[PDB]
Amino acid sequence: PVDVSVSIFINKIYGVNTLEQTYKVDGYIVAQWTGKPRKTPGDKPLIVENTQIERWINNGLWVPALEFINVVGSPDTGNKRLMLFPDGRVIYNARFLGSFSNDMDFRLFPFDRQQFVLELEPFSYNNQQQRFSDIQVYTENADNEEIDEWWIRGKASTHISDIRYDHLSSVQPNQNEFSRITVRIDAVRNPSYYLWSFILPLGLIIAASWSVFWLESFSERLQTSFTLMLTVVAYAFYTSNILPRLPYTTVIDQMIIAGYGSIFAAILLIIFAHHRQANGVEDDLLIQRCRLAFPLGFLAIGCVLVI
Amino acid sequence: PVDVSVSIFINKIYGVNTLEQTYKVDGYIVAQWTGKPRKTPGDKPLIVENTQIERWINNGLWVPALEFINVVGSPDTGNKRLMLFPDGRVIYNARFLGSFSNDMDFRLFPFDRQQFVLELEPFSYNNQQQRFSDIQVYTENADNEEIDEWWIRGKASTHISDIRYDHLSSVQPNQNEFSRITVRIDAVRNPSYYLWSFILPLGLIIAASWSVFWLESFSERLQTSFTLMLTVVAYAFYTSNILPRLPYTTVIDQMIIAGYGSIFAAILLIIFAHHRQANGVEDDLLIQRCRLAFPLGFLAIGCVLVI
Amino acid sequence: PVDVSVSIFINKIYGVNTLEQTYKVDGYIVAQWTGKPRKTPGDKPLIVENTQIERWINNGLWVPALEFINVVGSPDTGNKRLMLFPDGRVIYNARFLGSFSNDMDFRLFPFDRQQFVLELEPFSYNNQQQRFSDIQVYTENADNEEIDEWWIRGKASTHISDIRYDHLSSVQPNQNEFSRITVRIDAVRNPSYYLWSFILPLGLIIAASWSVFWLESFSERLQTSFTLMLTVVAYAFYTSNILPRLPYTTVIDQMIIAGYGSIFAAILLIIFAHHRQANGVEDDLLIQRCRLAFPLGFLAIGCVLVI
Amino acid sequence: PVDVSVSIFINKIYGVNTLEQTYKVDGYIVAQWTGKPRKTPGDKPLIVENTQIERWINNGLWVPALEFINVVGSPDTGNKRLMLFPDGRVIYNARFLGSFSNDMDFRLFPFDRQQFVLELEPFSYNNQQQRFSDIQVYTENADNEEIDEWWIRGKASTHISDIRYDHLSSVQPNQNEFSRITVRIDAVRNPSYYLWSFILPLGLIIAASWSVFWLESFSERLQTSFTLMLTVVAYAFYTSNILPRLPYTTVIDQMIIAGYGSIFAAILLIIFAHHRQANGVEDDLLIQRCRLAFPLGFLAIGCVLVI
Amino acid sequence: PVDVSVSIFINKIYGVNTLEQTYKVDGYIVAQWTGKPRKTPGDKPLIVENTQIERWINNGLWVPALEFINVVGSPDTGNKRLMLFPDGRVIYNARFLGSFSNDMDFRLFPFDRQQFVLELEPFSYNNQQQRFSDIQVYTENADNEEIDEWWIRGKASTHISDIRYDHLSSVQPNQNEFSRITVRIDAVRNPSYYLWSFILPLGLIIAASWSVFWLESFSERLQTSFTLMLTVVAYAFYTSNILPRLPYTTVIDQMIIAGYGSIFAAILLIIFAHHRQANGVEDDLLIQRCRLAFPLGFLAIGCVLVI
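Protein chains in written order, with this note's numbering: chain R, 1 to 307; chain U, 1 to 307; chain L, 1 to 307; chain A, 1 to 307; chain E, 1 to 307.
What you were told as hints is all true, and nothing was included just to trick you.
For chains that are exact copies, the list does not tell them apart, and a pair is met inside one copy or across any two.
Straight-line distance between alpha carbons at most 20 Å, and here's what the computed SDA-like set of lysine to any residue pairs gives:
no., residue 1, residue 2
1, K44, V171
2, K80, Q52
3, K12, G27
4, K44, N126
5, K44, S169
6, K80, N127
7, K39, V171
8, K44, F85
9, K155, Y138
10, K24, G78
11, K80, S169
12, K80, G27
13, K39, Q172
14, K80, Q136
15, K12, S101
16, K12, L246
17, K80, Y138
18, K39, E49
What the hints contain is simulated information worked out from the structure, not anything from laboratory work.
Next up, chain R with everything else stripped away, as it sits in the complex:
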């Protein structure tokens, strides 16, 4: 059971893919273990650089393949180095950029918060053959968050576990568990742009829609209702052209639907108010009371919506 100590440096996380639930991570990976002692040039450690590494494998060196479980396709392995010590220690250091997978819930967008995970596991060697001892994940402070799309909330959380693959061969008695490293980094989306350039104008438009009941004529009210409908449609289009593709309704989508329904209920109430009573009465109490009740009814419906 070989003891392996790892350390993963994280340079950047970016490239959010909402539909595919992937994210790009660039950083470093260090893995250290202890092998048979060896003679080096002098007693100083030996340095082996990318191509030369393969040579040592062809001559019998054991370098285990550590696979990113949650990765998406072969990542872009940058420079890689082996440091070989005379006492047998071996250190594998590699720059890596890769697309990783994780369950991501975007329903509370733009106020969502996610957690980027990394999953390391030996590809061929089990835990009875090769064991994980140490994890250390370092994230740069970068406290000037205002510029970045995402805000990291705390340093990385680690988790070593043992994964049991049930569905395997039947001649292998007990060598079916593997040592898996899982790294989690919580982060929150910066909603400033969506607050100011999406939410605030939408609320202003809906308030303007409420301002329809201050028209004197019925024809004016009903005709302007369609201008309001078209306004909401154009705004929803601008929205959808900017916002990311998704298979569920975002919060902004819900505000859009709320504006649609408010205008629809306004049209219904306008028609009803004009054609309610007898003796050619428009029920002036209904119109001039709705002129202030409609904002409060909608605000109560929205405070119930946030639940």
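Put chains U, L, A and E on the given structure of chain R with help from the hints.
Using the frame of chain R, we list chains U, L, A and E on its own:
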């Protein structure tokens, strides 16, 4: 006739491209067979990792090439391993990400349901030379479907078959059959987003369009009809900018066309009512009757559509 | 002069790029010739798979390079095999996916019809050194055309030709000709989507635009004309955001221009009728006349255009 | 100083990237020089194909690296061949597809005209070590200009020069010169599409905007002005969504700004006419003057700006 | 401590990605150091080209791997050469294209100013093993800035520093410092396009929106306000579809929000004027006053909001 037992682990299915009829599949592939026995270091099984694999082949090891039939270009094979047992067993294990093709019908979108298929076949060796014994496909449960784009409905269906290529050589007596593994996985699209953010606003706009006959003046009616047409145009624009490119009409496209035809028929009826009777009679009976005859008749039209 | 018999299996054609005039083609390529006999294990033919291929070339085996002339960049070569027969026969079989070029005229879109071409030619060896004997192009029937964007109409047309590169050396007497295989596949675009969601709504919008002359007042007519102009603009925008990039006007672009001109001529005719006569006359007869002359006149203009 | 004669075949130029000032070039490159004589298999010249080339380099063959200076990243080198003659001649032939950069000015778009340049230079050897003797550039006729986006004006123009890199070491006396081949191909953009589907509808919209002064009432004029503003806005959006991204104002952008300013000046003139006279006399005389003075000053500006 | 002198030639900077804070840089990298003398053919230095370089490493040539710190994934290594001198000097020259990251603040867009940085560092060798001696950064003048997207303001600033990695082993006394080269290039964005086609039309639209108070009727004012709102919505749509994605509000976004607020305050003031005094007195004094307070107050608040 070599008996090969395979096992395909499916990690993720995503990236549907509607125009190309492709979908990306990331997972593992395992293949086991029995060859001539071999001496290993001790009687313990030997493990060979990516680069060294090629070396063993150059010294005479026979590793057959298994091609994904329905694949699109060279897939991205990640880490790969050979496990060699002293009794002759050989196991090939490889991580793979690839884009696959299949007939996909999106006419009932966004309520469509598809089936992702995989087709494995030996590239050069026929069925009289190399045979498939077992198929085993494992899919993760992933029971929090509400977030995922597609909902897997059931376990995978497998089928070993014999494929016969007619157009071949003329010296080949009986070596013209191949062993093909076929895996099918049914799936259904999540229609929530298109129901709430597309279907509901489209229907609400169509109802608001119906509300034109409740106008008193004729000029108001005809002038407002054009604002309604422009609303439907902007809505169809927003729709088409979001929805996937396709060569046929989706259900939503049909609803857009239905809104167009509804407004056009409304304009025709408005003109008819204004100039049906003599001496400039409005024919208010027609206007009042269609005020509620358009909804029932159009729902009947859509019902005869759906069936 | 080596006789080479080829066979090209065409699995799928897709991914047309209008601006680049490229299209993606995935299939197989087979090339067969007869060489000096060779010793195999037994008298059964020998099979060589991807990597080992290079070894055989390095030991003196002659494998000619066949270049796709009309391809765009290095294609994605999948699995490849060499079949070596004891009598000297050699068969090269390779899976290939590539982007190919051909002159493509999209003026009649969405009613255009194109033909996908493939051009094979030996890269270095001339016709006095290497000759093409047979071509056979196989495409699966796939008679369920309704799903696919393009409809293949008949089997591929083949043509062996000899191409003479003029600009060559001046000491070379006659070794300047090459054997080129040309494959052509005619196909027609499925216009259903563009028929129903583009052409039909456009005609409906243009007829509704003509319906402006049924307004009683002049001011109503002129004010509504601008709502119609904006409607056409929004429609052209929807179109252009959806339709493929091109450097020339499609049929749909001309229909957009036709709607533009119809609305503009309508505005011109409205002003003319308002100010045709002296003493504040409206020339209502002109409005009544154009009310039906615009359908007839514009459809006569469209039918003269379609000749 | 070795004399090297090259030959560049140009198959296609496409894929202009406006922001990056890049263009895709697909063609062939041939380079010939004369070396020490050599023994061939038989007395006929020997042909070496892609993979074998590297082997021949390891055995002492001198093949200089010729770099495309203005290229962007590693181009896609397809098949490459060495033709070795017994008299010592060496010919390197390779298919190449690459993205190239050059100063491109798009200010007069869609009436712009550009020139595609290619820049070849030996990577390691100077002019005293390796010299360019001949250039021969072959460009396809492509006389079906109506379909192609760009019109080539003439065959390629070439220019060999010697480049001196100032910023270098101080021990190198005069070996700081390199032989650079420069190929230039002038071309003019076909403006038909942008003329008919962009310029003409925009001018028609602006003329309709001029038609505001023929409204009788003041309220009609001022209220219609805002729908006209909205029309220009929607058109400008359609424009910018189709037209290529750029860091400067195109001619079409200038026409958009001209329409905007025309509508704004129209609003100014409308309000001025309404309140130029005391007691708010409408001053219809000003409207009757400006209705045909405004297009006059506009088209005067349109002819002036051309200078 | 090996002294290494570098030289970085910068060919082009482009491809700014606002969300990822990356930019593509193409140029050359030169590295010079002095090793033990060597026998060459003659006294002229020996030149080694790309592939052969790798061979020389397997036979014992020491070429240190220098990594770009701020790069994103393996850069696109073009041609590379080794020049070996008899006096012991060794020079590595390589063409490179890569994606680089740096803190980039786009808040003052379109007047933003950024700085493109490059960070060079040895991958495996520390400063006691390998040191940087000289920096020389050469940038082409390119003084025709008007065409290019970005304008470089001054020549590059260079800086050698020593970077200390804390998290390392604990037996290593002082081998925790590395020699880092830092290159900074200030640059300013070309605002012409965003000035003329975005800022100026937006200001004209806002002034036109102010021109609503010159309407005589109350209904005219209130109904026209909604057309103005819709105009602002379409304009914001056009902007956001063209402008680059960002997580914060640009200056242009602030102007859009300001137009929104102007229209909303105009509606508020209209309603207030309609119901300011008893009996729904319209308060013509309020309209007179606001006709000049709204523009002047907007100028004052806009001048306040920038300091």
